[PDB]
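Enquirer: This is what each chain is made of:
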Amino acid sequence: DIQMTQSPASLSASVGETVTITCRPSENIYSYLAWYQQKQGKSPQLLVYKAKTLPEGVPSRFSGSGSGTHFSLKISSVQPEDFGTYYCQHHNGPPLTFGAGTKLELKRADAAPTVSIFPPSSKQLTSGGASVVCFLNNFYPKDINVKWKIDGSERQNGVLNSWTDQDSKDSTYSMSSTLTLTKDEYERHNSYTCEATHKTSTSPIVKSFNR
Amino acid sequence: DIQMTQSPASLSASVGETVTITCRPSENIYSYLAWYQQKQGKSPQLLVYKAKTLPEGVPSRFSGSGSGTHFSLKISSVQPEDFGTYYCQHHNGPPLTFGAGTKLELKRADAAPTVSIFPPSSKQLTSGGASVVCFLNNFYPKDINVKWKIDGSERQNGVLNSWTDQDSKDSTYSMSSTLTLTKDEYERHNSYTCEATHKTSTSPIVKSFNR
Amino acid sequence: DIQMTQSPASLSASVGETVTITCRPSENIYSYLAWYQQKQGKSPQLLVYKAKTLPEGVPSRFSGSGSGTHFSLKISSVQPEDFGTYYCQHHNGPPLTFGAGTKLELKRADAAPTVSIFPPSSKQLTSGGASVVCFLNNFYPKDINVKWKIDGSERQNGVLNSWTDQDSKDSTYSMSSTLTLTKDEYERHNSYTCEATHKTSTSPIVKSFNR
Amino acid sequence: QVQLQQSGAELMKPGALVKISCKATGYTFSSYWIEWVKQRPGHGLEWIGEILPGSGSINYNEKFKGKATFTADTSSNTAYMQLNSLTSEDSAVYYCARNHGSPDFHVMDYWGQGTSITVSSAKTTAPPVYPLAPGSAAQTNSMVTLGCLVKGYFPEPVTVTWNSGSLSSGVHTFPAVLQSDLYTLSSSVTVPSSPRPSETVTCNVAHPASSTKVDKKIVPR
Amino acid sequence: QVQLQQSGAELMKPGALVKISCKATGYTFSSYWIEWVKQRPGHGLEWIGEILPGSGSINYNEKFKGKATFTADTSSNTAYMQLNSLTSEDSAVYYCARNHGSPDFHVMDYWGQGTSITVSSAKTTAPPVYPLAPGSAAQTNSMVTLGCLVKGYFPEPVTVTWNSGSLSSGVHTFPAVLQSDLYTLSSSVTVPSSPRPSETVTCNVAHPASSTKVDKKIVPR
Amino acid sequence: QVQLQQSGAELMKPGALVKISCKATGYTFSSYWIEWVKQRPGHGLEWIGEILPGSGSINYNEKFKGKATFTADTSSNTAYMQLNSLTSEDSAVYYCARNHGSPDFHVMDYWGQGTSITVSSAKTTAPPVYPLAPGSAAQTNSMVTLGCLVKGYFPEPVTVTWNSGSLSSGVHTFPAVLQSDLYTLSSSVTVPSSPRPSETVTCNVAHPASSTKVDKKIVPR
Amino acid sequence: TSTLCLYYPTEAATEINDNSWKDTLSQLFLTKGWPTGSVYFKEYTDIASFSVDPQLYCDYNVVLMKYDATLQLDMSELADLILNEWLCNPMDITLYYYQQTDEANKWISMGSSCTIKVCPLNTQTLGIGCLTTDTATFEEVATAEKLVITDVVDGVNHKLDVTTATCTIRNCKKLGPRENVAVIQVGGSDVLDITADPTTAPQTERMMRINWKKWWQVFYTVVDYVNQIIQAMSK
Amino acid sequence: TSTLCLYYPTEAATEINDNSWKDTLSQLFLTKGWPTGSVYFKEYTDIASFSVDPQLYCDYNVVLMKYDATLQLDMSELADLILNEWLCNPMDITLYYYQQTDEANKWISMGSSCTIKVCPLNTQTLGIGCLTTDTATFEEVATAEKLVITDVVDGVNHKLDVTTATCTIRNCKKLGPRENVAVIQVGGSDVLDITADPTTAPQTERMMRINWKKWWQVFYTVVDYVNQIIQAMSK
Amino acid sequence: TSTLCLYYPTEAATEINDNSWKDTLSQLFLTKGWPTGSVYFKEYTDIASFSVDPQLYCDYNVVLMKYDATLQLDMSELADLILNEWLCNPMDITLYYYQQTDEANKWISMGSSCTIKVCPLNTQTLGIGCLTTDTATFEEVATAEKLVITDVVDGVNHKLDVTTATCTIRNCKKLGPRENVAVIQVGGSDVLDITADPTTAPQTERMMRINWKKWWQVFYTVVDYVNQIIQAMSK
Ligand SMILES: [Ca+2]
Ligand SMILES: [Ca+2]
Ligand SMILES: [Ca+2]
Ligand SMILES: [Ca+2]
Ligand SMILES: [Ca+2]
Ligand SMILES: [Ca+2]
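Line by line, the protein sequences are chains L, L', L'', H, H', H'', A, A' and A''. A prime marks a further copy of an entry chain. So for the first sequence, the authors' numbering puts the first residue at 1; every next one is plus one. So for the second sequence, the authors' numbering puts the first residue at 1; every next one is plus one. So for the third sequence, the authors' numbering puts the first residue at 1; every next one is plus one. Per the authors' numbering, the fourth sequence runs over residues 1 to 53, 55 to 87, 89 to 140, 143 to 164, 166 to 167, 172 to 179, 181 to 190, 193 to 206, 209 to 210, 212 to 233, 236 to 238. Per the authors' numbering, the fifth sequence runs over residues 1 to 53, 55 to 87, 89 to 140, 143 to 164, 166 to 167, 172 to 179, 181 to 190, 193 to 206, 209 to 210, 212 to 233, 236 to 238. Per the authors' numbering, the sixth sequence runs over residues 1 to 53, 55 to 87, 89 to 140, 143 to 164, 166 to 167, 172 to 179, 181 to 190, 193 to 206, 209 to 210, 212 to 233, 236 to 238. So for the seventh sequence, the authors' numbering puts the first residue at 78; every next one is plus one. So for the eighth sequence, the authors' numbering puts the first residue at 78; every next one is plus one. So for the ninth sequence, the authors' numbering puts the first residue at 78; every next one is plus one.
Each hint should be verified, as a subset may be incorrect.
Derived DSS-like pairs (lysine-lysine); straight-line CA-CA distance at most 27 Å [said to hold, decoys possible]:
1. H'':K68 with L:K183
2. A:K312 with A:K143
3. L':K183 with L':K103
4. A':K109 with A:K250
5. H:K23 with L':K42
6. A'':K312 with A'':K223
7. L':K183 with H:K64
8. L:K42 with H'':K13
9. A'':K109 with A'':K312
10. H:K13 with L':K42
Calculated directly from the structure, the hints in this document are not laboratory data.
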């Protein structure tokens with residue numbers, strides 16, 4: 001089974017800069033490698049075949065190269081239209097295998113998360129169970145982590161998280177943790193803290209509330 | 001024209017017994033005779049061809065035999081599913097002719113008709129003509145006859161009859177005579193008797209009414 | 001371009017009479033001439049081909065003749081069913097050209113136009129402009145002319161006319177002039193005469209009105 | 001898994017012509033002959049003829066030559082029979099069976115469900131229902149009997166029910187019988205002298224044709 | 001029993017393109033040429049061209066080459082003509099006739115019914131109807149005349166009737187006439205001086224386009 | 001101007017089987033192979049197989066042999082893929099791309115839009131919406149934040166809007187996330205402490224499935 | 078001195094649409110060497126009938142036949158009729174029974190809808206697998222054709238049941254080949270089996286294939302190769 | 078003394094619809110000169126299979142084959158099987174690989190749906206353009222046929238991948254021609270290429286064309302020309 | 078020493094779907110006896126054009142042509158072009174009129190939609206059944222074809238009216254036969270009439286028929302019978 005090895009899994013740069021994704025097959029794909037680009041919520045689009053040849057429409061700052069076990073793509077004067085996922089596939093006969101993918105992100109000045117903690121609704125507590133929400137809006141370095149401490153003690157079995165993709169406006173993401181538990185379990189405890197570790201904050205930026 | 005002669009026109013037996021219908025053609029059907037079975041309110045179903053051969057599904061207590069001018073069918077361990085009409089047809093070239101048919105009935109202990117006479121409706125007499133009904137329910141030996149006597153004198157020109165097929169429950173039939181006449185003709189007479197001759201009753205079982 | 005020359009442009013006769021339309025081509029149509037008859041509000045109908053031959057249905061009082069540069073049609077015992085337009089076309093190869101057409105009218109005793117003048121409507125004068133109508137009903141010789149005199153002075157720039165085809169009943173036509181102008185232009189004038197010249201009237205039959 | 005499905009039932013006016021149809025499923029339609037059998041209530045089974053769709058071979062029972070005319074559409078997989086100049091005696095059930103292969107000739111192995119034709123110059127009509135109440139005669145010990153009489157209607161069918174399905178067992183309802193172009197039918201019911212008249216047994220008659228739904232309770238006296 | 005049926009009438013906006021159609025019935029469609037004739041009110045008959053469906058042969062009158070383009074669908078049995086870049091002067095009646103066989107060439111024996119095209123950049127409109135009442139002038145002895153004036157509407161047609174068919178005979183109604193993109197028309201009626212004004216003669220006008228039904232009684238004075 | 005259009009999205013119950021379809025436009029359908037790629041959220045792109053409509058050649062990735070089965074209708078110009086015995091992990095996006103010609107083998111140049119399949123033995127459900135009001139905590145200087153929580157519904161999707174489009178900019183709405193067969197989602201909004212509570216910011220949630228339209232105003238305290 | 082007669086179908090001429098096509102081609106025929114009045118143009122309107130009694134007018138006859146699948150006629154059957162010399166007599170299916178005599182006695186029937194059922198008679202006038210009384214036992218050998226050349230076991234009498242209403246059946250003897258004719262077929266790769274005999278297939282020079290494009294083209298070719306075509310007849 | 082065996086398909090007899098057709102034709106056969114028990118009538122129900130192992134019973138065999146486009150079988154492939162003498166052995170696609178030896182060793186497979194993919198082996202049991210391990214790299218040479226005569230480069234081993242569920246593939250050697258048989262085809266102008274070799278096309282006398290109209294007619298002709306047909310076999 | 082050049086259509090290779098098919102077949106070609114670099118594989122993308130100016134590269138050329146009814150091109154017309162040696166010049170329909178000279182001077186036009194109308198000129202530059210001025214009187218001899226070999230009465234001038242927008246018409250002389258080529262047709266029983274002349278039909282050895290099943294099979298056969306095919310060219 002030929003294994004395609006795409007690196008880096010994630011890349012980050014601003015317009016004008018010159019990036020270089022790189023595919024490395026397990027066996028020898030002679031020069032039968034392709035490169036497709038997929039944009040947020042759409043389909044892939046052939047971008048380069050037989051290692052270095054480009055289809056017709058495709059711009060020319062896109063440069064394919066290599067042969068054998070080492071191949072590379074080289075978007076040059078990166079413009080706002082070249083941001084999304086990039087895959088690589090060999091086309092040397094079945095079974096075809098694709099790369100893992102490289103996600104090209106729009107670089108930008110760091111940003112600290114403006115987290116807001118939210119206690120259950122009277123509506124919800126009338127149902128039979130409580131749920132604590134916590135929003136960590138607009139932060140830059142994609143990576144962020146959250147600890148749920150239910151009265152000093154860290155919890156994690158009732159949590160459910162969701163992220164947002166880089167915004168078109170500012171280029172900042174956004175998260176949303178949601179700790180759920182019994183109404184009873186909620187009431188035999190007092191302090192609910194939502195803790196978050198980021199690159200911007202030297203120490204965990206926290207927000208909390210006591211019943 | 002080859003004439004098929006099926007006998008008996010009607011047969012009567014209970015489950016387990018062994019019956020034998022018999023077809024007799026006018027000419028020589030070599031061995032090109034078939035047997036179809038038709039059940040109450042449905043279509044015929046091939047049951048035997050070329051005299052003795054049976055199609056696939058068909059049971060095996062069904063036995064065809066004969067050749068030339070004499071042929072016979074022989075349902076053996078008659079089960080409740082073998083009751084209905086049976087036809088025979090030659091298949092020795094056009095024009096094809098069928099038998100008359102044999103009706104296999106479910107035998108059972110005799111039963112006397114419980115007849116009920118019914119005089120006209122006020123509703124009907126308001127229309128302009130009277131009609132006398134008479135029901136002879138649940139009797140066994142299929143055969144039954146009815147006389148309509150309008151003041152001792154037998155009538156028959158205004159009568160209309162309808163029968164019922166052997167019941168699934170008890171195996172008894174049922175009849176329904178309907179003597180119709182002018183309102184005037186109805187009123188210039190007094191006694192209306194509905195007479196019925198059956199095998200059970202030693203003498204005509206009658207029912208009647210006087211205005 | 002072969003030019004067909006049909007004459008007369010209009011013909012007028014009563015039933016029984018014998019008319020003769022005549023087509024004259026610019027070049028030499030050997031004998032490849034046809035004659036179609038078109039009736040009021042319908043389609044044409046082949047009536048004669050190759051100069052003298054008639055299709056099947058077509059009557060026989062219809063007689064085609066001629067060759068070369070002179071051709072003629074000759075409806076003989078004209079019956080009420082032979083009244084309408086008649087065209088001629090050569091069929092000697094493309095481009096095909098048709099005649100101008102001959103209109104056969106139903107003759108009849110002369111008739112004088114019963115003209116009626118009509119001043120604007122209060123309804124209309126409330127809009128912002130006045131319009132004077134004038135009907136010249138049931139006159140025979142097709143030809144009729146109308147002068148619009150707005151206070152003795154002849155006008156013609158605001159007029160719009162419409163005619164009626166020979167009536168099925170009496171054989172008389174009918175006209176309808178409609179002089180339109182500003183409400184103001186209408187009010188700074190006093191006498192509106194609708195004048196009409198015909199063959200029946202020795203002098204212009206007029207009708208008029210003063211505000 | 002062979003099967004022939006015939007068209008629905010129809011009722012022509014005397015003199016007209018009808019179109020029955022048989023649609024084949026489960027075999028190569030062009031490779032087997034299609035049979036046509038007529039079945040009247042008291043005449044057993046009459047052979048009409050046969051047709052070979055595709056090749057087009059046809060065979061007519063001498064007795065139907067003028068009346069029946071067969072056709073077949075291969076693209077459709079349906080064989081048609083057409084009865085010309087209908089007579090009151092053409093009313094009957096018509097079948098279409100598949101004539102087996104070369105092996106055994108003329109043995110019909112698969113039968114259609116049966117199409118039904120009724121010729122009658124009759125016109126739609128409402129069925130005046132009359133309540134059949136026992137004669138004022140002396143009380144009958146055990147069981148008493150009531151009746152309903154749906155008379156003179158057109159055309160079939162009609163639905164009679167005692172107490173809208175309530176009283177079902179112990181009832182007898184007879185086959186409509188054509189009397190002078194109109195169908196007439198009766199229904200009897202037997203219940204202990206206990209229920210009646213201390214109940215309200217009713218006749219529920221429904222004529223889907225003239226859309227006449229009527230109910231009449233058997236009022237004693 | 002040959003016959004060509006052309007599509008319904010249409011009215012395009014100047015600059016657009018239309019599709020007329022002719023459907024053949026009663027002959028082998030592929031074996032005869034289809035003719036196209038244009039007929040304007042005061043121009044007699046103009047030949048446009050012809051087409052041979055199947056083989057595909059085509060012939061254009063030099064004068065229409067750019068304007069008309071023929072096609073034919075054999076499976077459909079219809080020939081089409083398409084007028085490109087419509089002009090106010092393309093408005094007319096278009097026919098399609100069958101060009102006879104080898105015998106006599108170019109003699110059209112069967113004509114379509116005629117399709118009708120009207121090019122006008124006009125827009126739908128309501129026809130203000132005005133009552134035409136005689137001038138207050140002295143009483144006319146025998147017959148008097150009333151009129152109705154449906155003015156400035158789009159598009160054709162309209163229905164004027167005096172007293173909803175009541176008063177029919179003795181009436182004259184004139185052909186709509188386009189005045190500056194709007195059609196205008198009048199109708200006259202003549203009844204003895206007896209009925210009017213001692214009656215109520217009304218103008219019944221109906222515009223199926225802007226769906227305007229209006230009635231106006233000719236009020237004297 | 002080539003283009004493949006895949007069927008609409010569907011959601012089967014675990015154990016059932018589905019039919020995706022790809023319709024070709026802009027090339028000779030019989031002359032090019034059709035590819036099938038599977039795309040799950042965290043697995044990149046998986047090749048499933050390919051098919052050559055017309056000739057009928059087929060190739061299966063060893064890993065899907067039992068699951069996928071391709072077909073193609075030439076008259077229709079559509080290729081079909083059928084997933085047998087659906089598992090909760092068959093849920094993903096499926097594409098169909100055209101395998102280029104002889105020149106360069108296996109380079110897919112035109113991709114379908116993508117069909118979407120979701121296997122879940124879940125049943126329709128209403129999304130109880132809860133208003134997220136800030137903790138009674140001391143007044144925050146500049147901006148304050150409100151939230152809406154649509155919880156436990158089936159199936160996708162739903163429409164949340167603050172003040173029916175009124176308040177749009179400055181809002182964050184997160185991707186539904188399946189928690190135990194039910195999708196759950198939240199939305200945050202940030203406005204100066206000036209507007210709230213001196214306003215009426217409301218959560219407009221609409222579930223086109225169980226047709227539940229509900230509005231809830233974030236009531237402080 | 079010699080004459081050339083061209084036979085074509087109506088459709089052929091109709092597609093040409095000129096009043097002078099016969100004339101234009103004639104001047105073109107002078108090129109190939111045939112004097113101003115040396116060629117004649119005959120129009121067959123119904124091929125089936127023409128094929129039977131084709132009154133050949135000129136010295137050399139070249140007949141144009143265009144494969145038309147929308148008429149359901151067999152090209153082979155039509156060739157067999159034109160290319161050969163047949164001699165038919167009328168048959169009265171009603172009063173008489175018939176039998177074919179040799180490999181050259183065939184029954185050629187043609188019309189609207191020809192449906193022929195047959196019943197072989199033993200030496201007693203009795204059916205063999207049939208009842209000379211009920212045609213439902215006959216053997217169907219043609220179901221609604223437009224042209225049919227029926228062949229039965231030689232030397233056996235048969236009661237015939239044709240649908241004479243729409244069909245006409247005549248008893249023909251094929252006496253040989255016609256030298257003054259030629260068949261030029263247009264369209265359909267179709268190879269022609271003009272022998273009743275399944276064993277033989279004869280392909281003659283007087284049986285030529287032109288590829289259809291337009292009728293004007295067909296005639297141009299016929300003219301451009303008149304001598305070649307004539308030489309195949311005189312050869 | 079001699080025997081004539083007629084092979085026809087079921088449809089043929091079904092269309093005839095008589096219980097005595099075999100008999101009637103037999104009396105008719107006395108005319109052409111064949112004694113009361115001299116002719117036999119064998120019914121093949123499946124042409125494809127019959128073509129492979131046609132147990133020819135009589136001295137002279139004339140087999141009737143009707144072009145049927147609604148079965149997707151090649152007439153040529155079927156002719157190649159009946160007209161010739163084949164000798165097959167069974168193949169185990171599972172455990173063994175195979176190679177054809179001469180211009181006469183072919184692989185004839187047939188059944189419900191025959192789909193054959195092949196993978197040529199070099200002298201090591203290794204693929205050449207394929208991995209003997211994943212059939213997704215094989216070369217497809219038949220996609221769901223009902224009868225297939227596969228031909229591969231002679232003298233090369235191949236791992237085979239047939240869909241044995243619905244297909245059966247057997248290794249056949251064609252040893253020559255069969256003299257006691259004849260093919261009479263009904264319908265389709267179709268010319269038959271019965272050589273695996275693109276270079277040659279052989280047309281023999283024992284390969285005859287009848288024009289279809291009705292089956293009764295076909296048989297009448299076969300009888301009316303028995304000797305002519307027999308003479309083409311004995312010749 | 079010698080070279081073999083295989084010509085196929087794109088569809089052929091696309092169906093094969095391997096990056097090494099040319100290679101695999103080459104090793105297979107050693108079997109039949111052709112050294113490692115002895116065979117070449119040329120891909121024609123448009124048969125119509127290729128048929129006209131087929132730059133034959135090798136000693137032996139065997140060209141694969143698959144009957145494709147969905148393109149409306151005549152196989153015969155295509156064969157006539159490849160199998161023969163043609164020599165064309167360009168024609169200016171606008172300024173000049175033309176005439177064909179011998180049985181070998183033909184007008185081969187081809188393109189998107191080829192529609193050719195013609196008008197024969199008498200010795201005055203005047204029409205004969207037409208007006209050199211209005212093309213509505215011309216004679217149509219081709220209505221929208223993709224490949225057309227037009228033939229007019231030899232030795233007559235003609236004003237031509239082609240639809241040069243979508244068509245190209247060139248004046249070709251056919252000088253003879255090409256020995257280094259062969260045609261192997263796949264599909265369609267179709268018999269080929271490659272003579273303009275209705276009289277003759279030539280069938281040569283360098284004109285071979287393979288029965289289509291899959292393209293891999295076609296090539297296997299071409300390889301398994303290379304010598305047989307080569308021998309038919311050198312013969
Ligand atoms: Ca018989
Ligand atoms: Ca004979
Ligand atoms: Ca491979
Ligand atoms: Ca081999
Ligand atoms: Ca001309
Ligand atoms: Ca020439």
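Enquirer: Could you run down the list of hints and mark each one as holding or not?
Expert: Here's how the hints hold up against the structure:
1. H'':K68 with L:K183: violated, 44 Å
2. A:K312 with A:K143: Satisfied, since the Cα-Cα distance of roughly 24 Å is no more than 27 Å.
3. L':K183 with L':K103: With Cα atoms ~41 Å apart, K183 of chain L' and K103 of chain L' exceed 27 Å; violated.
4. A':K109 with A:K250: The given pair, whose Cα atoms are some 20 Å apart, holds under the 27 Å limit.
5. H:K23 with L':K42: holds, 18 Å
6. A'':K312 with A'':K223: Outside the cut-off at roughly 34 Å; violated.
7. L':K183 with H:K64: Not OK: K183 of chain L' and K64 of chain H at ~46 Å, beyond 27 Å, violated.
8. L:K42 with H'':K13: Given that 27 Å is the threshold and the Cα spacing comes to 26 Å, the pair holds.
9. A'':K109 with A'':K312: Measuring from Cα to Cα gives roughly 19 Å; hence the hint holds.
10. H:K13 with L':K42: Given that 27 Å is the threshold and the Cα spacing comes to 26 Å, the pair holds.
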